[PDB]
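There are 2 protein chains.
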Amino acid sequence: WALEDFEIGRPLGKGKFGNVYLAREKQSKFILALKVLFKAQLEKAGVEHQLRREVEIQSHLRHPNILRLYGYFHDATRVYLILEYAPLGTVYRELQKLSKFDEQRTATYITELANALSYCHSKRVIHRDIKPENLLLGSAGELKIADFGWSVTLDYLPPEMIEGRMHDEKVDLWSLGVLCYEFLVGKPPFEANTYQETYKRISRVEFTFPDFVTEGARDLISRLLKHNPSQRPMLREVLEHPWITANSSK
Amino acid sequence: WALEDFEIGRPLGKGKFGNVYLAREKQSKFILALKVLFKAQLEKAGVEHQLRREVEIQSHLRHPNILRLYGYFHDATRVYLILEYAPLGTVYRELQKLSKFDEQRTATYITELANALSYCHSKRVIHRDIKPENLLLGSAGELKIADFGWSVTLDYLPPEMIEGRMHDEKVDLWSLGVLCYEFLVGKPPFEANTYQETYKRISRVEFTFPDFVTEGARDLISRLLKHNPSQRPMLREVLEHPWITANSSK
Ligand SMILES: Cc1cc(Nc2ccc(F)c(C[C@@]3(C(=O)O)CCN(Cc4cccc(Cl)c4F)[C@H](C)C3)n2)n[nH]1
Ligand SMILES: Cc1cc(Nc2ccc(F)c(C[C@@]3(C(=O)O)CCN(Cc4cccc(Cl)c4F)[C@H](C)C3)n2)n[nH]1
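Just so you know, the protein sequences line up as chains P and Y, in that order.
Following the numbering used here from start to finish, the first sequence increments by one per residue and tops out at 250.
Following the numbering used here from start to finish, the second sequence increments by one per residue and tops out at 250.
One or more of the hints may lead you astray.
Now the in silico label distances, taken between C-beta atoms and shown as ranges [as the list claims (entries may be wrong)]:
1) Y:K44 x P:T194: 54 to 62 Å
2) P:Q50 x Y:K250: 29 to 37 Å
3) P:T194 x Y:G46: 32 to 40 Å
4) Y:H74 x P:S151: 32 to 40 Å
Note that these hints are calculated values from the structure, not bench results.
In this text, a Cβ means the ideal position worked out from N, Cα and C, and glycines have one as well.
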């Protein structure tokens, strides 16, 4: 692949490393998104090798609820990512438009996200925290995880220094809890006017529900937002949750 | 400080970044050790900034059981560390010479190490794993910790991603347990012919004592070698341990 193979359209985002544009392959006329990253900006932040690894993992993930990376190429100065175009944009814009989502739309979104996370678990691929700005919508309204957050002397070392990352798979369970609350309420559960107060609310797990949040939704969110990561449910338990099975379309 | 201020003696160690030499300040005739580190080798391993930080922390630590860093300087290519000279060298060589240490010598060493670790705790300075090759002996036989191992969007983050390093202060408690066993037995507790078998023995906390290890020493080692870091004792509990208070000269 080379830049000349693509016709460029409007910008779809401006970042620290580079920009994203709507594009189309000149020959096939296939609509996609091209993200440009500057090699020197990546090397300055020490994320160059980290990008190579995430891009390698992202290349082999094929799921309706994960934004597809069709490929990548580079020239002497830039790295180019050929990504799926999600025509309905970020779920954050849809949340601003509707104020809050009903229980069916929320449960369906949670299902899609847990499905994408379960598909990755089976490939021993782990995901970090999920933000709504990093969730895009396909034409058939399917949510898509669109971030670059995928992961895959001895005698004197303690078990915690040799065993490796123990509960990194449990960060995204907390994310599902935050997102399920945000989708139903219209705001994240630990929101506060200061950083210190937001920090305190998260650390003390201090959240309450407005009166309109139903008992089933309260049960799932309370099981996801556990201080102790090992006490958060497995993804299969989320997919089998009675509030999820009663309200999800998928 | 500059290199010309020092007379150089014999080498005291050859490393990846540079070498260590006995030295003496030309004017005062004060005996010390000079460690040379090559800036380009540090930058190649991405440890340059990490050295700056540890050297800054090490500069303000003054304790009889911590190897003193009197100062540091640099030229265009190298970093120089002015260190205390510990005439009796590494405790590892003494352990090879004696085969194993008696209970008084072991309890006194543990006391010195826990004292150095407690002094650092009070300054909110944390230490990593301790190896016998990194423990030096002063002329009056005091043990000295001689390593460079000292340490000092929000809405969507889980408590484990915002709270910071939780039990890093508990790595050195496991180290005291390993060292206390090594000092009394003559070999580390999880030693095995393969890496995989050593890995298994540490992870499963599989250790046994030869018949000569006394009950008091067994009690302290068993309390230190806990799989769960939060269950390891506080440093004050080690210093107040009845086996320690009965056998330590300090
Ligand atoms: C890569 C891509 C964009 C797309 N669809 C689309 C359609 C309409 C539209 F307006 C926009 C722009 C956004 C919006 O406001 O909805 C959504 C995307 N983020 C950037 C952005 C966030 C996360 C990952 C990536 Cl890779 C990324 F670019 C910007 C800030 C705002 N995007 N399909 N595939
Ligand atoms: C910095 C210093 C050395 C010293 N005393 C001394 C006296 C006799 C003698 F032989 C030696 C050499 C050693 C030995 O065999 O005992 C001990 C030191 N390690 C290196 C080494 C390990 C950890 C930190 C540092 Cl900084 C370091 F250099 C080498 C491998 C072997 N050192 N006082 N202060």
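P:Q50 and Y:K250, beta-carbon distance inside 29 to 37 Å?
Given a distance of about 47 Å, which is not inside 29 to 37 Å, the answer is violated.
Is 32 to 40 Å right for how far apart the beta carbons of P:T194 and Y:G46 are?
holds (35 Å)
Could you say whether the range 32 to 40 Å given as a hint is met by the Cβ separation of Y:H74 and P:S151?
holds (37 Å)
Do Y:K44 and P:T194 keep their Cβ atoms within the hinted range of 54 to 62 Å?
The hint (54 to 62 Å, Cβ to Cβ) is violated, given that Y:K44 and P:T194 are roughly 42 Å apart.
Hint compliance for this structure: hints 1 and 2 are broken, all remaining hints hold.
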